[PDB]
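Only one chain is included here, represented as structure tokens and corresponding to the form solved without the ligand.
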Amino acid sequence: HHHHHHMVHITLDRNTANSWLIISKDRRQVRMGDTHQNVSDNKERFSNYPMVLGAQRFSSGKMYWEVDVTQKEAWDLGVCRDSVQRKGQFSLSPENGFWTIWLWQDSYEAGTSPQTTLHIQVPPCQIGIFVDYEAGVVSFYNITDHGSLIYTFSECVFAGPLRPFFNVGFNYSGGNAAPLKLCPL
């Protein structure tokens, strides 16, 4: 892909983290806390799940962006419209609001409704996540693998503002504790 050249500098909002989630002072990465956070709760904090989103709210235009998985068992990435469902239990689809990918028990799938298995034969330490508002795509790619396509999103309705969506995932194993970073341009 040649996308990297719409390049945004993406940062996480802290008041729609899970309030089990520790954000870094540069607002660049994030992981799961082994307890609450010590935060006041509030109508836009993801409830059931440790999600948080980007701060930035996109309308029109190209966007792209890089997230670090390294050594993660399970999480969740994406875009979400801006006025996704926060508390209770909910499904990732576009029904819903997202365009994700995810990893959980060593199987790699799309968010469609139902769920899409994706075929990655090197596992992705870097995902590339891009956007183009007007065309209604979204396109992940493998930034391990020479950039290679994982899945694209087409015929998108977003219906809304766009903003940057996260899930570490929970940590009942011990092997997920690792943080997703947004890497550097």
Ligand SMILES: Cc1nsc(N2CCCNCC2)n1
Given for the second form:
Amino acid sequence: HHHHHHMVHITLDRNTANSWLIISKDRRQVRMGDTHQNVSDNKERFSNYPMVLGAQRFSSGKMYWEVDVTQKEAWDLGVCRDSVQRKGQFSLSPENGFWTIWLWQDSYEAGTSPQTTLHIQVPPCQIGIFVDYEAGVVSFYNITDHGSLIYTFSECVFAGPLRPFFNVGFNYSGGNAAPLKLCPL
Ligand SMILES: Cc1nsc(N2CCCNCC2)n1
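Here we have the form solved without the ligand; I need the corresponding form deposited with the ligand bound.
Following is the full complex, with the preceding chain placed first.
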């Protein structure tokens, strides 16, 4: 992939975060806190899961960014509609407005309905996310393995503005405290 030259500077939107998340001062890192983080509730916040959106909204063009997932046991990454459900239980699927991959219990899977098994030989420490709005494409790249393709969602029906999507995952095990970090360009 030669997608690096569509690189965009992504920052996290505090106001969308689950109330247990801690976003860094530079808005480039997020991690699970050990308690509720002393913020008011609002209609933007993901209530049931440790999720947060990027501040940027995309309705055209080609966009690329990279996320560091080093030492995490569980996470979800990708893009979603600006109008996704925030409150209650829901599944990550294109029908619900999400184009995502994840790590869960040592398996990587794409957020199709039902979910698709991914085949990754080299556990990634960084993930590249490529969106082509006009083509209807969301692609995922293994930066640790020379940029090798992980998954492509094609014929996507975005049906509105897109936002970068993140889930740091729960930390019941004590092995998933590490942050998601947006990597420098
Ligand atoms: C609805 C919700 N968002 S975070 C959260 N935690 C309590 C459950 C134990 N793990 C810590 C995070 N619950």
